[PDB]
Amino acid sequence: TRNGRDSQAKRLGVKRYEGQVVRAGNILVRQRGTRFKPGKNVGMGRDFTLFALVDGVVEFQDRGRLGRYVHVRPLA
Amino acid sequence: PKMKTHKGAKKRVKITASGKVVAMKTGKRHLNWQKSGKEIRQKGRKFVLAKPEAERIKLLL
Amino acid sequence: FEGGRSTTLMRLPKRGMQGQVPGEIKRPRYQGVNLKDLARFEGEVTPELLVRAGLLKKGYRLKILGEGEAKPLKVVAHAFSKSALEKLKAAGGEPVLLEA
Amino acid sequence: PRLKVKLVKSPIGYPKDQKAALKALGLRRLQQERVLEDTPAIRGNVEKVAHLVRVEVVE
Amino acid sequence: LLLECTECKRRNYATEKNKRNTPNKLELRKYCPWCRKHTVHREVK
Amino acid sequence: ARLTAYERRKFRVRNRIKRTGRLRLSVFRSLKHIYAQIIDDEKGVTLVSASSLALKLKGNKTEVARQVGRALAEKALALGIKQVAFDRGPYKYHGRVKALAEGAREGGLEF
RNA sequence: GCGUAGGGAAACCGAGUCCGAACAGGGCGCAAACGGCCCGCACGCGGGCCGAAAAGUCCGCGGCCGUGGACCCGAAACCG
RNA sequence: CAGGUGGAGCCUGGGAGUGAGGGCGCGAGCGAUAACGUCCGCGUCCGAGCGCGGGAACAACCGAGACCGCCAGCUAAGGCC
RNA sequence: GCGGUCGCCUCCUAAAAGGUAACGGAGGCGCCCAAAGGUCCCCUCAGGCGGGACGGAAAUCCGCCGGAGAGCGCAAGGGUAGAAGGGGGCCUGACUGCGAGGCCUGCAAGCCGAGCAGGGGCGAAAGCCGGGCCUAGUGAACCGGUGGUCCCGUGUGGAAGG
Ligand SMILES: [Mg+2]
Ligand SMILES: [Mg+2]
Ligand SMILES: [Mg+2]
Ligand SMILES: [Mg+2]
Ligand SMILES: [Mg+2]
Ligand SMILES: [Mg+2]
Ligand SMILES: [Mg+2]
Ligand SMILES: [Mg+2]
Ligand SMILES: [Mg+2]
Ligand SMILES: [Mg+2]
Ligand SMILES: [Mg+2]
Ligand SMILES: [Mg+2]
Ligand SMILES: [Mg+2]
Ligand SMILES: [Mg+2]
Ligand SMILES: [Mg+2]
Ligand SMILES: [Mg+2]
Ligand SMILES: [Mg+2]
Ligand SMILES: [Mg+2]
Ligand SMILES: [Mg+2]
Ligand SMILES: [Mg+2]
Ligand SMILES: [Mg+2]
Ligand SMILES: [Mg+2]
Ligand SMILES: [Mg+2]
Ligand SMILES: [Mg+2]
Ligand SMILES: [Mg+2]
Ligand SMILES: [Mg+2]
Ligand SMILES: [Mg+2]
Ligand SMILES: [Mg+2]
Ligand SMILES: [Mg+2]
Ligand SMILES: [Mg+2]
Ligand SMILES: [Mg+2]
Ligand SMILES: [Mg+2]
Ligand SMILES: [Mg+2]
Ligand SMILES: [Mg+2]
Ligand SMILES: [Mg+2]
Ligand SMILES: [Mg+2]
Ligand SMILES: [Mg+2]
Ligand SMILES: [Mg+2]
Ligand SMILES: [Mg+2]
Ligand SMILES: [Mg+2]
Ligand SMILES: [Mg+2]
Ligand SMILES: [Mg+2]
Ligand SMILES: [Mg+2]
Ligand SMILES: [Mg+2]
Ligand SMILES: [Mg+2]
Ligand SMILES: [Mg+2]
Ligand SMILES: [Mg+2]
Ligand SMILES: [Mg+2]
Ligand SMILES: [Mg+2]
Ligand SMILES: [Mg+2]
Ligand SMILES: [Mg+2]
Ligand SMILES: [Mg+2]
Ligand SMILES: [Mg+2]
Ligand SMILES: [Mg+2]
Ligand SMILES: [Mg+2]
Ligand SMILES: [Mg+2]
Ligand SMILES: [Mg+2]
Ligand SMILES: [Mg+2]
Ligand SMILES: [Mg+2]
Ligand SMILES: [Mg+2]
Ligand SMILES: [Mg+2]
Ligand SMILES: [Mg+2]
Ligand SMILES: [Mg+2]
Ligand SMILES: [Mg+2]
Ligand SMILES: [Mg+2]
Ligand SMILES: [Mg+2]
Ligand SMILES: [Mg+2]
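Protein chains in written order, with my numbering: chain U, 1 to 76; chain R, 77 to 137; chain Z, 138 to 237; chain E, 238 to 296; chain Y, 297 to 341; chain P, 342 to 452.
What the hints contain is simulated information worked out from the structure, not anything from laboratory work.
Among the hints, erroneous ones may be present.
[Stated by the list, open to error] With a cut-off of at most 20 Å between alpha-carbon atoms, the simulated EDC-like pairs for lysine to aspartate or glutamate come out as follows:
#1 Y:313 to R:131
#2 U:37 to P:383
#3 P:359 to U:18
#4 R:87 to Z:231
#5 R:86 to Z:161
#6 Y:341 to Y:300
[What the hints assert, rightly or not] Sample of chain R residues at the chain Z side, in silico, Cβ under 10 Å:
#7 84
#8 86
#9 90
#10 121
#11 124
#12 127
All C-beta atoms, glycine included, are put in the ideal place defined by N, C-alpha and C.
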């Protein structure tokens with residue numbers, strides 16, 4: 001057989017769901033492209049990884065044509 | 077007979093005041109013509125976990 | 138033993154300076170005792186007396202350190218901590234040792 | 238409107254989360270009756286084991 | 297081509313990497329030393 | 342032909358601005374006049390207005406701009422507002438757009 | 001001998017120390033437990049006392065581990 | 001956010017054994033829409049319930065979790081010439 | 001046994017979180033780029049039809065139509081023109097000293113990262129910059145080499161060696 005290979009599962013996906021309490025640092029989404037875009041108080045690292053910029057809670061936003069967004073609405 | 081301290085362990089590990097086992101960080105002095113300065117810089121000591129229990133046990137003395 | 142895999146003998150010694158063949162190098166070892174510790178004494182306090190008390194240990198030279206509060210007594214030692222030299226200069230007097 | 242639940246069929250061979258419900262209720266033995274507060278949460282488990290239990294309404 | 301470029305006194309050796317035969321010149325560029333601050337930095341060894 | 346260098350360049354520069362979080366000093370300039378608007382996004386609301394067609398002034402529109410520039414400061418700085426970003430939209434930071442910005446002096450600024 | 005000081009490769013300093021330009025930051029570290037009797041204002045205080053308890057350490061016992069034949073029996077073999 | 005006091009949960013530690021699984025159901029790959037085949041997934045039982053009832057006999061299908069005693073009663077599956 | 005395989009990335013298998021096996025179905029990595037890096041400013045494709053010397057299916061040009069089927073150094077996927085793509089100007093942050101907090105996770109590793117300080121780059125500024133659209137381009141420890149630097153230097157000053 002010429003096959004037999006594969007790579008390590010990269011455990012990608014959302015790490016904090018809407019209405020979850022996070023903290024400045026907490027990475028909120030692990031993804032390949034820009035499947036989710038950084039919203040309010042949400043940074044995104046060189047591997048497109050979204051994280052809380054401040055403490056607070058997590059909320060999602062589907063801006064249709066404009067894509068989907070993860071916001072960290074404060075409370076801190 | 078008297079137990080023997082493990083010199084391999086003593087040469088590369090330290091037991092802290094609270095009984096933590098603190099070792100250096102692997103992978104920073106051999107192949108770094110360029111790893112990120114963040115990479116080579118993040119080489120202080122760390123703490124081994126639940127298995128320094130074993131390292132501790134070969135230094136005891 | 139980890140079953141054949143390399144163990145955690147895979148970390149690199151830092152404690153560089155492991156010693157060489159003629160051996161350990163003779164040099165004055167200082168042992169620190171705190172102010173709070175000798176607060177029990179009244180009279181003198183010499184590195185000699187402090188062994189009998191059970192604090193000094195015979196192989197080491199005397200160095201009094203900070204933690205604790207000072208007392209108006211004459212304390213004889215080989216070295217004093219910054220914090221300690223001050224703490225007691227406000228009460229008592231203390232000599233430095235270096236004879237024989 | 239309290240509920241009277243009664244274990245009538247053995248859970249030997251049913252999913253573990255179903256043995257969990259029979260527990261959440263307090264049912265430990267066959268034929269055992271237990272009268273509990275009729276609430277949404279308490280009904281959840283009662284209808285989950287609906288095939289092993291027999292339910293009546295009581296005062 | 298593994299590369300280790302240095303400063304201009306007390307050495308330094310903050311190593312980088314130029315792959316090819318072009319850049320093939322002195323292969324130098326402005327960088328920052330751990331000592332003073334921001335100097336020339338040239339390439340060697 | 343969907344979207345244009347205009348509409349594009351407009352978003353491009355304006356999208357960046359809206360990230361930094363500050364209040365937006367949006368500048369719309371026309372052939373005859375030049376207007377200025379301090380907007381707060383997330384509240385979707387304007388705070389301080391300052392036009393030239395609203396101050397009925399004229400005479401050399403690079404010099405008019407600066408006037409409506411200083412005009413925006415006064416009105417605004419009196420409301421607490423000090424620090425802001427400054428749009429610029431489709432217009433290169435130049436001429437009467439640059440002028441109004443240079444006029445926005447006497448009020449928070451950094452520009 | 002163990003314990004009463006730790007941090008550092010070390011020099012060394014020390015309730016701190018190490019990295020550092022840092023009076024950033026972080027790593028690893030220091031912080032007396034109760035009752036009650038005394039007093040500074042009375043219901044505790046603030047610190048002390050009277051002895052409960054205890055870091056620690058010592059011996060006994062028990063589990064388990066390290067080294068030894070190490071739960072018992074058994075090779076094919078190797079060497080003098 | 002609520003109910004849920006359970007041989008529940010969490011934390012620190014002492015002692016382990018296991019690291020050869022198997023049948024069945026369901027979902028796939030391999031195989032031949034073969035195997036009491038094989039490899040995963042989610043469940044279950046046997047494993048350790050080779051104790052009890054049914055299935056003629058039969059680890060895992062149905063019923064049912066056996067602390068002890070009774071020449072008492074009601075039932076489950078399954079049955080009632 | 002013979003043959004094949006052995007680490008890393010992509011896709012499916014995988015049963016709509018994560019994860020998941022087989023000598024299951026298919027591909028790819030062991031590099032590369034001083035610009036293919038940072039920043040500021042501009043620019044928008046592929047195709048299709050019509051038009052136009054040498055121009056041909058296709059060289060360069062004009063017109064309309066063309067939301068992305070182009071491009072993004074190479075596999076695949078995800079992503080993406082409201083740029084991550086194309087062009088130019090300055091520049092080298094392919095920084096030093098750190099690091100809140102997390103992702104992942106048996107260990108050891110691997111990954112993302114705000115913010116502070118030093119000294120800088122581009123920008124009017126807001127600001128961005130601790131390499132590259134991202135996910136492969138990799139190797140614990142031991143033993144040594146090389147350049148520094150304080151540190152130790154076996155009676156002492158050196159030196160040897162660390
Ligand atoms: Mg496989
Ligand atoms: Mg995969
Ligand atoms: Mg949806
Ligand atoms: Mg690289
Ligand atoms: Mg091996
Ligand atoms: Mg059953
Ligand atoms: Mg370097
Ligand atoms: Mg001890
Ligand atoms: Mg010491
Ligand atoms: Mg030490
Ligand atoms: Mg230093
Ligand atoms: Mg220092
Ligand atoms: Mg500090
Ligand atoms: Mg601390
Ligand atoms: Mg006692
Ligand atoms: Mg005792
Ligand atoms: Mg034994
Ligand atoms: Mg024998
Ligand atoms: Mg012989
Ligand atoms: Mg609750
Ligand atoms: Mg339990
Ligand atoms: Mg436990
Ligand atoms: Mg244990
Ligand atoms: Mg095994
Ligand atoms: Mg197995
Ligand atoms: Mg299996
Ligand atoms: Mg099983
Ligand atoms: Mg099974
Ligand atoms: Mg069978
Ligand atoms: Mg069926
Ligand atoms: Mg079968
Ligand atoms: Mg089988
Ligand atoms: Mg079943
Ligand atoms: Mg067995
Ligand atoms: Mg049975
Ligand atoms: Mg069972
Ligand atoms: Mg039998
Ligand atoms: Mg039987
Ligand atoms: Mg039978
Ligand atoms: Mg039977
Ligand atoms: Mg029972
Ligand atoms: Mg019974
Ligand atoms: Mg009957
Ligand atoms: Mg019946
Ligand atoms: Mg019959
Ligand atoms: Mg072979
Ligand atoms: Mg899945
Ligand atoms: Mg065309
Ligand atoms: Mg044509
Ligand atoms: Mg033509
Ligand atoms: Mg595409
Ligand atoms: Mg591609
Ligand atoms: Mg693609
Ligand atoms: Mg795509
Ligand atoms: Mg470009
Ligand atoms: Mg450029
Ligand atoms: Mg961390
Ligand atoms: Mg890696
Ligand atoms: Mg890359
Ligand atoms: Mg070796
Ligand atoms: Mg060496
Ligand atoms: Mg070496
Ligand atoms: Mg010297
Ligand atoms: Mg000698
Ligand atoms: Mg000498
Ligand atoms: Mg050397
Ligand atoms: Mg040297």
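Status of the hints after comparison with the structure:
1. Y:313 to R:131: Answer violated: residue 313 (chain Y) to residue 131 (chain R) is near 40 Å, above 20 Å.
2. U:37 to P:383: Distance of about 17 Å is within 20 Å: holds.
3. P:359 to U:18: It is violated: about 24 Å lies between the C-alpha atoms, which goes past 20 Å.
4. R:87 to Z:231: violated (40 Å)
5. R:86 to Z:161: Satisfied, since the Cα-Cα distance of roughly 16 Å is no more than 20 Å.
6. Y:341 to Y:300: Given that 20 Å is the threshold and the Cα spacing comes to 6 Å, the pair holds.
7. 84: holds (6 Å)
8. 86: Residue 86 (chain R) check passes; min Cβ-Cβ to chain Z is 8 Å, inside 10 Å.
9. 90: The hint holds - residue 90 (chain R) has a Cβ within 10 Å of chain Z, the shortest such distance being about 7 Å.
10. 121: Holds, because the Cβ-Cβ distance from residue 121 (chain R) to chain Z comes to roughly 8 Å (cut-off 10 Å).
11. 124: holds (7 Å)
12. 127: For residue 127 (chain R), the interface hint holds, since the closest Cβ of chain Z sits about 8 Å away, which is under 10 Å.
Consistency note: the structure conflicts with the earlier hints numbered 1, 3 and 4.
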